[PDB]
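J.: Listed here are the chains, written in short residue letters.
4 protein chains.
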Amino acid sequence: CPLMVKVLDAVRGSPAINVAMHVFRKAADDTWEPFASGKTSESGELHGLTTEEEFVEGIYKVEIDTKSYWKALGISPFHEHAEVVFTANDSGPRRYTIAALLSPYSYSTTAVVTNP
Amino acid sequence: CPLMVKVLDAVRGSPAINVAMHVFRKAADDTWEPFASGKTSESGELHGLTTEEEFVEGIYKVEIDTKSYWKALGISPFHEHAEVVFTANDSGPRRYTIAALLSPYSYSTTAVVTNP
Amino acid sequence: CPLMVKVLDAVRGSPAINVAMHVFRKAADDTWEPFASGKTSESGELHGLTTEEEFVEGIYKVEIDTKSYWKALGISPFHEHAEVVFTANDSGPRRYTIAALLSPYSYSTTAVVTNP
Amino acid sequence: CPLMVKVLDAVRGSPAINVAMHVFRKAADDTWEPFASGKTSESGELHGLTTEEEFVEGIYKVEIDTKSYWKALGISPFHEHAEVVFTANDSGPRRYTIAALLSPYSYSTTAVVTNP
Ligand SMILES: Nc1c([N+](=O)[O-])ccc(Oc2ccccc2)c1Cl
Ligand SMILES: Nc1c([N+](=O)[O-])ccc(Oc2ccccc2)c1Cl
Ligand code: NA
Ligand code: NA
Numbered sequence: 010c011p012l013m014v015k016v017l018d019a020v021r022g023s024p025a026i027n028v029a030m031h032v033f034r035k036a037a038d039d040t041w042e043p044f045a046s047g048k049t050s051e052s053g054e055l056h057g058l059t060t061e062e063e064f065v066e067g068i069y070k071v072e073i074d075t076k077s078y079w080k081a082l083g084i085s086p087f088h089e090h091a092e093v094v095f096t097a098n099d100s101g102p103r104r105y106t107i108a109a110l111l112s113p114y115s116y117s118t119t120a121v122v123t124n125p
Numbered sequence: 010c011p012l013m014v015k016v017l018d019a020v021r022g023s024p025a026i027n028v029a030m031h032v033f034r035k036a037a038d039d040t041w042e043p044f045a046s047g048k049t050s051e052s053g054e055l056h057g058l059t060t061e062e063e064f065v066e067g068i069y070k071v072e073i074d075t076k077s078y079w080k081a082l083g084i085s086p087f088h089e090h091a092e093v094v095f096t097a098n099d100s101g102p103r104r105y106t107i108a109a110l111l112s113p114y115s116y117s118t119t120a121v122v123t124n125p
Numbered sequence: 010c011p012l013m014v015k016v017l018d019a020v021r022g023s024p025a026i027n028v029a030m031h032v033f034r035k036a037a038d039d040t041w042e043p044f045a046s047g048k049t050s051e052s053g054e055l056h057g058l059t060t061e062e063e064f065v066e067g068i069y070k071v072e073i074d075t076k077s078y079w080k081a082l083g084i085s086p087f088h089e090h091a092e093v094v095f096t097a098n099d100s101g102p103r104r105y106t107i108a109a110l111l112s113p114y115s116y117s118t119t120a121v122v123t124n125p
Numbered sequence: 010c011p012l013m014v015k016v017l018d019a020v021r022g023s024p025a026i027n028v029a030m031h032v033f034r035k036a037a038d039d040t041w042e043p044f045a046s047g048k049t050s051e052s053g054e055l056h057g058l059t060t061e062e063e064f065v066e067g068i069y070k071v072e073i074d075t076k077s078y079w080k081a082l083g084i085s086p087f088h089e090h091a092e093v094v095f096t097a098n099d100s101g102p103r104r105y106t107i108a109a110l111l112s113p114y115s116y117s118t119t120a121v122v123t124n125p
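Residue numbers (the entry's author numbering), protein chains in the order written: chain B, 10 to 125; chain A, 10 to 125; chain B', 10 to 125; chain A', 10 to 125. A prime marks a further copy of an entry chain.
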């Protein structure tokens, strides 16, 4: 599991389920190329985004559709989405967990990076 | 103003107004003695808790009554309070801003420490 | 697993390993009775603190020794410890995950509460 | 002052000083157009980015150059930048404070939205 995303809900004290996100990789012309995507499970986790061989050096952007999540709960949010932009695999493969904790007007994000 | 506390509401995107808090200082017998108390203003800030002369070296605890805050908004929150425990003025007088960002099931707290 | 604590390190991007903590339960005289304790594993997690039958209604305090964690890394921290105080099991058993994300001058904490 | 950004350093317990950031606004063709830029002061705050007349309805992005900040302190951070994307002034003019709390592998961001 080279890249996993975990999302939590700070209002309900629960995993954030069915949160959609796309992953992009920065292209040579500075545009964002589609790379992976999915929705969080009932555990708030999204596994299986990529494989070790496909996940090479680059700048990656995880764009998490937090706005649709809050609107489904009938809550008006601040952000259009939560974006996480980072260089990955510059020193060869690593395993990355991107975590996000969501509130309607705030989010926090952290990374856990491990050498396989 | 050597000690200031600022509290923000991550659900509503606003200062957390009229939040009560109590400050304690550890006594020689290791019990918590009352030190100061107050409530946040319309800006979410509590100023004037202490003075340079009174705010001596010690271990201090700020106990923020987050539970009453959420209950008054019709939210049943997770925590009884948000607690911040720290040694102050160990290397001479400093000015401390304690900030807290509140959600029903989560809080974040940070400190800004400056040398006058 | 009625009560689990997970701790992450925001400076190193890693689980916070070997973080010691004690759990207390508030007694009828408002004192804090010892309840459980342990240290986080290499995954940053502490499992096995209690059992469903022992973990009944009460106000619980998880006192996480963040200061010793940072001092072992040669980093001077702000807080004496990170405290998480919450009522548990007031509506019968639940499963609780307490998570904390640590920085030298800040911490964030959230809860995931699930009905078994 | 309809838009202000405040940045704090969770490692040092200080304002994050001399942090560069760029603000963009989504154009009719869905591209990001430059809107304003600046750097935080000794208080960690960036004031004067825009005016009430210029700060019309739209989708805005604040891109905070956290990577250069950490690198100058000798830290190799995780994120390329901290990004905040939001719709502004949808229901008439508001005043926005965007706050960010920075660690090498994590950031938290919140908004305070007030009606003048
Ligand atoms: N994370 C955080 C916390 N915190 O205690 O973690 C407190 C406040 C906060 O926003 C502000 C608000 C005012 C000044 C600086 C930062 C954030 Cl963004
Ligand atoms: N904010 C935060 C907190 N927290 O106690 O606030 C704890 C953990 C965390 O990342 C994770 C990491 C793994 C699983 C769930 C969340 C974040 Cl992002
Ligand atoms: Na001293
Ligand atoms: Na409108």
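A few of these clues could be false.
A pair holds if it fits inside one copy or across any two, identical chains being indistinguishable in the list.
As the list claims (entries may be wrong) - The list that follows gives simulated cross-link-like pairs (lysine to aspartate or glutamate, EDC-like), each with its CA atoms no further than 16 Å apart:
id, residue 1, residue 2
1, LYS70, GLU89
2, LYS48, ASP74
3, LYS15, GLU61
4, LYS76, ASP99
5, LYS15, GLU72
6, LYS48, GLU72
7, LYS80, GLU63
8, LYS48, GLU66
9, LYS15, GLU63
10, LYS35, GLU54
11, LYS76, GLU61
12, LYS35, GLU89
13, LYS15, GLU51
14, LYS76, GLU51
15, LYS15, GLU66
16, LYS35, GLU66
17, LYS15, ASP99
18, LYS15, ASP39
19, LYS80, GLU42
20, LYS80, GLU61
21, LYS35, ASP99
None of these hints come from the bench; they were simulated from the model.
J.: Determine for every hint whether it applies to the structure shown.
T.: Results of checking the hints against the structure:
1. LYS70 - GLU89: Classified as both: same-chain Cα gap 15 Å, cross-chain 10 Å, threshold 16 Å.
2. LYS48 - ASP74: This pair counts as within: shortest intra-copy Cα distance 9 Å, inter-copy 29 Å.
3. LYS15 - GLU61: neither (19 Å within a copy, 27 Å between copies)
4. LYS76 - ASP99: For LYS76 and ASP99, only the inter-copy Cα distance (15 Å) is at most 16 Å; the intra-copy one is 32 Å.
5. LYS15 - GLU72: within (13 Å within a copy, 23 Å between copies)
6. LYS48 - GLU72: within (11 Å within a copy, 25 Å between copies)
7. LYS80 - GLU63: Neither: 34 Å inside a chain and 28 Å across chains, both beyond 16 Å.
8. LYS48 - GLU66: neither (24 Å within a copy, 30 Å between copies)
9. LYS15 - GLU63: For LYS15 and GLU63, the Cα distance exceeds 16 Å both inside one copy (21 Å) and across copies (30 Å).
10. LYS35 - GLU54: neither (24 Å within a copy, 30 Å between copies)
11. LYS76 - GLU61: neither (31 Å within a copy, 25 Å between copies)
12. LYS35 - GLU89: between (21 Å within a copy, 12 Å between copies)
13. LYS15 - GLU51: within (11 Å within a copy, 19 Å between copies)
14. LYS76 - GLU51: Result: close neither inside a copy nor across copies, 18 Å intra and 28 Å inter.
15. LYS15 - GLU66: Result: close neither inside a copy nor across copies, 22 Å intra and 30 Å inter.
16. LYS35 - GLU66: Result: close within a single copy only, 10 Å intra versus 29 Å inter.
17. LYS15 - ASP99: For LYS15 and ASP99, neither the intra-copy (23 Å) nor the inter-copy (28 Å) Cα distance is at most 16 Å.
18. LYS15 - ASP39: Intra 27 Å, inter 28 Å, cutoff 16 Å: neither.
19. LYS80 - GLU42: neither (27 Å within a copy, 27 Å between copies)
20. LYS80 - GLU61: Close neither inside one copy (35 Å) nor across copies (28 Å); limit 16 Å.
21. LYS35 - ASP99: within (14 Å within a copy, 31 Å between copies)
When the structure is compared with the earlier hints, violations turn up for hints 3, 7, 8, 9, 10, 11, 14, 15, 17, 18, 19, 20 and for no others.
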